[PDB]
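Complex shown without one protein chain; remaining protein chains in place.
Chain naming follows the written order as A, B and C, and within any one chain the residues start at number 1.
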Amino acid sequence: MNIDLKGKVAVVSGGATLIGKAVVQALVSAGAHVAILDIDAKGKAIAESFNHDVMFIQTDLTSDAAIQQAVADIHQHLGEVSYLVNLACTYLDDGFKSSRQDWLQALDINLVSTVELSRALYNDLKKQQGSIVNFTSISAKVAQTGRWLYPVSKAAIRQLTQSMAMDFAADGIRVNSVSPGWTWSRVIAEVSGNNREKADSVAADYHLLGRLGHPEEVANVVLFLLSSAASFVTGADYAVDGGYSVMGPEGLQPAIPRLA
Amino acid sequence: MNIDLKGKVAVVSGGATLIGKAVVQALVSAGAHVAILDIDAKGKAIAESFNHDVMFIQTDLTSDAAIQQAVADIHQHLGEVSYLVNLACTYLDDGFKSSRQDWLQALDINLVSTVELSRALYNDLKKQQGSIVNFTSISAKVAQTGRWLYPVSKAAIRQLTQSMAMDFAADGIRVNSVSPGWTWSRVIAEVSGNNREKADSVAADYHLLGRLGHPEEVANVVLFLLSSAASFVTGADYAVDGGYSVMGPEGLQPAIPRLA
Amino acid sequence: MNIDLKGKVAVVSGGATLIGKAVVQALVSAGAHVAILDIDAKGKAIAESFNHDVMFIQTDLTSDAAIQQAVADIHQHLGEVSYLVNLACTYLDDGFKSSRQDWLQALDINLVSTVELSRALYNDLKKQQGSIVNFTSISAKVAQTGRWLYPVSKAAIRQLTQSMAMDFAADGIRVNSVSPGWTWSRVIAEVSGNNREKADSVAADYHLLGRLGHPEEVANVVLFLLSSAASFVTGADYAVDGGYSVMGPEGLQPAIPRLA
Partner (left out) sequence: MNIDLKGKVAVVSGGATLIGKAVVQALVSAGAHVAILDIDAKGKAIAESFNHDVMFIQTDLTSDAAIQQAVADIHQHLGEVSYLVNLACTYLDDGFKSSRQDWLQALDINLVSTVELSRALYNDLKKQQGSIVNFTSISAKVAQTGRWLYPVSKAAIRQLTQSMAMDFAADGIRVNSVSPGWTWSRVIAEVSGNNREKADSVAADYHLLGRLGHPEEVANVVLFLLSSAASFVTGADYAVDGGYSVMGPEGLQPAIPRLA
């Protein structure tokens, strides 16, 4: 996976997550400069890890003013933007117990802000004929007990990816979505006691490949879809879930014999 | 379609539309008492045509207080609710031009308010072990130029229908969705000049059956899903789109010959 | 579910299964005469159960001559056919171990014969402006370990339903598919020891409604789609699986806590 994006500029929302850092590293390795927009402070450290190749801009994407200031800063330090990766999300989700206020907050962060960040960067993507990668999940294709806000948000992101693709094609912008499964996480790392083999064995029940996915494995699909190798891919959902979404409630274990 | 729902109480949000009127008539004909919730005053007239069997309650479903008051009125005049048909929606939609405020408004009306209305009625549906029908669209499965808010809202309703089904099954409540295509509507009647054969001529290009759907044809599917005949149907999306969703950009006309 | 199909004639392939008998009973109750086409001899008993309302014609649907003779017999004893329910299938399936010969046999029985039986009845369905119901499964939407021939066959039936819908619409014929989950079966009845409560508790892990489906519950959806209440439903897949298809490998039980 030796793609060449020398001189290009990329924007990565929610770049403080392990997937976010893998996406940033993938872009830097390809020669691109990256601006990380996130509310989490840890992002700063990530940016410093790449010295002048990556810049961190703490941004509340629900604030239009914060987005305008972030794009101004990107223009001042890096230049015109070619790639946008919308990875920002909130895990505010208590199913039926979540309130109307929680619903609107989660939708604003997970969905509406993707529109506003794309809009603030649209003229750049138009001039550069760039590409956009949004993030769905296996949760956008299936129901999970007790989780409403994030699955519904991600299903909505899927449709938004299609509509953006259609209405952005005229300007030469490609828009796709990436649908991962269980990926090694900071949260999983802490609840598991930083024990990867056990977390993998738990995940084996829901992934044909028998483990959690690596952030790098997700980042590869992001970079492919951004690159010109995917020049005839727009509006598509690229699954990187180790086979999660081909299975139903029976999993990968026989079910008929239980009847006897 | 001669189902018996004698004595059962149904609530139909967005009941002032042609679809809503057809659903109300289908329910009354089946012996049910109906509460019409809508922000449109036309609903009043509709209810009056059915004398004491149908009630109208002008409701802004974005107001929690309005929902509590609507449920109180239903309790006073009709009683415990068995069926909920979430048909309320807004067509506030300017594609990419729609603002953040427009996004959150359309999501509040189309999606979050469905949750709040379901929550206010949940104890009724649990005691009665009733059923819920949400409304998706052909717009939740495909992209349409210049339309973002309503397609995305309906794509979100589809996932919400699945997650509602899962977390409500334990209480014996079924939840499904209905996906109609182009159906005869007030707006189409106004742009058509109240010319149905002309509008049918336009819609033939997008429906295998060569016309717009009738509101009653949609109401039939709604009624089936509410009834006990659908007693093993939960979390499903039932299309009533005259073949719209089986087609792609080629429509129903051959396309290869055009290359010669 | 009191539909009126007086005087109509229906053909039910594979009518010897419990689902088949439920579909036949549903049609008879609606006033229709039914011809059961099947290779299984038990069908004869089923037909006798309805005296002169149902006729049995032992038919090898892989034999074109047998199909022509069956349609001749239907015309001699019953008349012009209005409804066709393609329920015939084989469970010849050993996954990767199944041979090319097994593959072609299973595809011939499960798929190609549906085309030939529709073709032999096409002029009837055209004159009567009838409807067709094919049978998919939850197996057409997901992968199941060790089962290739039947899932692939059913996925192919799904696409065939769409293509038939498109190319039959001009003649006023509607074509849909029904997708059930685990339904109480003869095979399940024998391996379970005719113990329904235990089989239901096994199935609860894969159906939100916590049991196997009843054949009658599937038959209701078949009859709806055949009837004129579904007059704007063509090319659609109507799930009657108690919520099986809304779930993934996590089932309906929490999965995050296992990580701790």
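We take it that contacts are C-beta pairs under 8 Å (C-beta built on N, C-alpha and C of every residue); 3 or more make two chains touch, one makes a residue touch a chain.
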From A:9, A:155, A:199 or A:221, residue that would touch the chain that is not displayed: A:221
Omitted-chain contact residue, chosen from C:95, C:193 or C:254: C:95
Among B:55, B:87 or B:246, the residue in touch with the chain that has been omitted: B:246
Touching residue (missing chain; options B:50, B:56, B:135 or B:206): B:206
From A:79, A:95, A:146 or A:235, residue that would touch the chain that is not displayed: A:235
Hidden partner chain, residues of chain B it touches: 138, 141-146, 188, 191-192, 199, 202, 205-207, 244-256, 258-260
Absent chain, residues of chain A that touch it: 1-4, 162, 165-166, 169, 174, 180-181, 208-210, 213-214, 217-218, 220-221, 224, 227, 229-243, 245-247, 252
For chain C, the residues touching the chain missing from this view: 64, 95-96, 100, 103-104, 107-108, 111-112, 115-116, 119, 140, 142-148, 151-156, 158-160, 162-167, 235
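In the analysis below, only the chains that are shown with their structure count from here on.
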Identity of the most central chain, Cα criterion: B
Computed distance of Cα centres, chain C from chain B, in Å: 29
Contacts with 2+ other chains: residues of chain B: 162, 165-166, 235
